[PDB]
Amino acid sequence: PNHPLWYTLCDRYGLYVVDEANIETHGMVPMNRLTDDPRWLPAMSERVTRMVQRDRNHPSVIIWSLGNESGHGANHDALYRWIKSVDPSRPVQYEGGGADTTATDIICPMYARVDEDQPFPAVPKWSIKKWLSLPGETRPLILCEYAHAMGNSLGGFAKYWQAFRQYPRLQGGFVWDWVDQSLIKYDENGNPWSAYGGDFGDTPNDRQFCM
Amino acid sequence: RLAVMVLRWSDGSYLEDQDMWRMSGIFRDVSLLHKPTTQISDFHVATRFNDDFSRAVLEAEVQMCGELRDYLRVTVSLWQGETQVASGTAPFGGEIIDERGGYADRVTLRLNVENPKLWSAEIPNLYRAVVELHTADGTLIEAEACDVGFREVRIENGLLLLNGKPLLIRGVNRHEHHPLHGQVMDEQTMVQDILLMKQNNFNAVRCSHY
Ligand SMILES: O=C1O[C@H](CO)[C@H](O)[C@H](O)[C@H]1O
Ligand SMILES: [Mg+2]
Ligand code: NA
Ligand code: NA
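Going down the list, the sequences are from chains B and A.
Positions in the first sequence are counted from 1; adding 392 to them yields the authors' numbering.
Positions in the second sequence are counted from 1; adding 182 to them yields the authors' numbering.
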C-alpha cells in the first residue's frame, strides 16, 4: 500500500490503480513455505484486511492484489475469499504459484512472452496468446509485470501491443517499471553520482538489478 | 426387365451445388437383395466404456419386420478372429418407453467385454459382430453382420478426445473422382488413395461433400 496521497492524486488526475498488500516472501524455499502455513495466516491477514479497510473508498483503486512473489499457499485462498466477501466491487488478483491459480480473477503472469512458451516445471509461463485458450480457461489476461526496462531495453515492446490490440481477452499489462532505484552518493569534491547495489558496502547485493 | 429414367436436373440439384464436375447417371452399384419375410430390418451398435477403457459394454439394438412370435430370438455374438469373445440372446420386446408400452418388434442385447482392443487410426483393432435372427430352438432365419471398433469420441473441456486422448487431425478432403470414369469409384482407386494417404502421414479424411 502506498502513501495515502497517491490514491487522492490518482482519483483526481485519473489513473487506474492496483492496490497491493505488503506481502512478499520471495526468498523462502519453496516460495510458499510461509503462505501455506496457518501460523502465518494472522500476520498475512492484517496486511490484506487493513489495506482494504483503508483504501476501499478510492475510485482509482479498481483491483485488489494479495501481494507479490509468495508462491501460492492456502492462506492466499482464505484471503482471496475474504476480499470477495467484504468487497464484491473489485476483482482480486495474485500472480504467485503460476499466475492462474484459484486465488486470482485475472490471469496475471509476469514476463510471459507473446508467442514464445517458457514451460517451467509447476509454474510455466505460457505464450499469452496460448494461455487464454488453454482447456477450460475463460479469464482475462493482464500481465502484472512485462517489458523489463533495465538499461538499454524494451526490445519487442511493439509485439505486446499488437497482441493486446488483436486479442479481446489480452487486456494489457504493467511495465516493470517506472523509476530506477538508484541512490545519490558524493565524490571527494561533493559531486553527486548515481549508485546501485554494493555501493554502500552492502553485501551480498544484486548490483544494478535495482535499476 | 428393369427400366430406369434418370433425370440430370431435379429440385434435388438445388442441394447439390458442390464445387465439382456436374455429371449424371447410375454411377454407383446396382444390386438385388433377398430377405426373408421375418427379417432384421435395422440394427445399431454402441460401445460404452469405464474411465480407463479397461471395461466395455457393447449394446446392440435390433429391429425386426414380419410377424411377432414368442419363439423368435436374436443372438448378437462378438468375435476377435476365430475366437468368440461374448454373446447375448434374447426374445423380442424392448423396455417400457412410455404410457403405451415399448417396442414389441425390438430387442437390445448387452455384452460385456473385458480389456477391449481399442480402435484408432494408429491401430485399427476390429471385432466382428454377427446378428442372428433365429428360433428359440436354434433354426437360423438370417444373419447380418458388421465390423466393430471399440472407441469413444467425446468433447471434454474444449478438447476432442478419442479413447480419452486429444486428437491431432492430419486430415485431407477427398472427392470421389477418377480421370477416366468420372465419379464412379472402384476398390483399386479407393485402396490406392488410402495407402498413399497413410504413407504421407494422414490419419483423417473428410467426405467432401456427400
Ligand atoms: O470453400 C471451399 O473451397 C474449395 C475451393 O476449391 C472448394 O470449393 C470446397 O468445396 C469449398 O468448400
Ligand atoms: Mg462451394
Ligand atoms: Na485486447
Ligand atoms: Na529489480
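No lab work stands behind these hints, which were simulated from the structure alone.
Do not rely on the hints blindly, as some may be mistaken.
[Said to hold, decoys possible] Simulated DEER-style distance windows between Cβ atoms:
1) B:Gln554 - A:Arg356: 52 to 62 Å
2) A:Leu378 - B:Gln554: 37 to 47 Å
3) A:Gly331 - B:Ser477: 28 to 38 Å
4) A:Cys328 - B:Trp553: 38 to 48 Å
5) B:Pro511 - A:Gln200: 36 to 46 Å
6) A:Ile376 - B:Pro511: 52 to 62 Å
7) A:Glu241 - B:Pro511: 38 to 48 Å
8) B:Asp497 - A:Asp234: 33 to 43 Å
Backbone N, C-alpha and C fix where the C-beta goes; we use that ideal spot for every residue, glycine too.
Going down the list of hints, with the structure as the test:
Hint check: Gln554 of chain B to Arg356 of chain A, Cβ distance near 38 Å, so the stated range 52 to 62 Å is violated. Range check, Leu378 of chain A to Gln554 of chain B: about 41 Å between beta-carbon atoms, so the 37 to 47 Å window is met. Separated by about 52 Å at the C-beta atoms, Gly331 of chain A and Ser477 of chain B break the suggested range of 28 to 38 Å. For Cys328 of chain A paired with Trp553 of chain B, a C-beta distance near 57 Å fails the hint of 38 to 48 Å.
For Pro511 of chain B and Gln200 of chain A, the hinted distance range of 36 to 46 Å is satisfied, since their beta carbons lie about 44 Å from each other. At about 37 Å, the beta-carbon gap between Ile376 of chain A and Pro511 of chain B misses the expected band of 52 to 62 Å. With their beta carbons about 42 Å apart, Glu241 of chain A and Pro511 of chain B fall inside the hinted range of 38 to 48 Å. Range check, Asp497 of chain B to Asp234 of chain A: about 35 Å between beta-carbon atoms, so the 33 to 43 Å window is met.
Hints 1, 3, 4, 6 from the earlier list are contradicted by this structure; the remaining hints agree with it.
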